[PDB]
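One chain follows as structure tokens, the form deposited in one PDB entry.
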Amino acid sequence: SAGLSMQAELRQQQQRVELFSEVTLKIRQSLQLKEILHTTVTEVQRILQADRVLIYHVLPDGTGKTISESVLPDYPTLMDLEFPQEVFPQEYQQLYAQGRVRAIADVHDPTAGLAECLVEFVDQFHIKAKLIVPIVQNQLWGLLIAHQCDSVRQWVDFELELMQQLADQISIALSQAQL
């Protein structure tokens, strides 16, 4: 007789082929999502003519890392850098989860009210001006951030509004698609 391979090793291999098809699609989806986020920060940097645009991801214990960045070559890269909770306190992570935004024309202007240690931190990256909008899943997932490094910058309301609208679509992706 015969047919022993059909319901043994050939059907085993067939399940493995179907799972391989599915795992390669899932990895391509991870690549495509990171490409869309990368294209978004690079295009926002070009369109704003900002010196840096990045996506900062916070973990539940409030530590963080830059997951996407576009930076002009005259200024430091935040891509590889991990930071503790103290650079962005959990009390403020909660205010961002509840929709806090900031548009700071001049981080060195005392009336902007920034912690001395925070002014020192943003100085590490040659930051003069910063625009900050949250990405949520509400729990904070991260920040979409624009920096000016060459000069102080009076941010315009539409820049803040449309940065928020981009971050809100990142929030939907990270939530409704469960991506």
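Residue numbers count along the first chain shown, from 1. The term rigid core refers to the most C-alpha atoms you can superpose between the two forms while keeping them within 1.5 Å. What changes on going to the form deposited in another entry:
Shown in the overlay between the two forms, fitted on the rigid core, is a CA shift at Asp109 smaller than 2 Å. Relative to the superposed core, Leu72 undergoes a Cα shift smaller than 2 Å between the two forms. Put the two forms on the same core and the Cα of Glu91 is off by less than 2 Å between the two forms.
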Contents of the next structure:
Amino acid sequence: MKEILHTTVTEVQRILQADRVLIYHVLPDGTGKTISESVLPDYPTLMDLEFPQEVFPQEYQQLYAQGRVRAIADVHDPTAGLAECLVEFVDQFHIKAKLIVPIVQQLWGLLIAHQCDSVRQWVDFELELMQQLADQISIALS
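Mind giving me the form deposited in another entry, seeing as the form deposited in one PDB entry was just shown?
We keep it simple here and write out only the one chain, dropping partners and molecules.
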């Protein structure tokens, strides 16, 4: 399953030509953590870093359990909807755009793409494609 999640993020990174693709998993204590990552070598491996424990709030569990994709073209646009607690994070890791799709069975996790070199207008077919990839991960888990 660890090799399957690695294969998936690597293939999704190549398909989107994203700077990073990762899978973020919600743990039974209500914390969240990156568990698989493919990143272009000009950027850090987030999995190699020693992050403090991170609460994944009930607000976002209840949102993402509903299944909908969130495309954020420009994380610095004050109307684009980046969570306020992530403002310092996107600055420190030079994340400019992100694409988030929930992995649901009950939220298991999120498939997330980053653009780092530019803002990125994600287009409708890419949001549908990530929904299909999230469905493929859920089917694999079953």
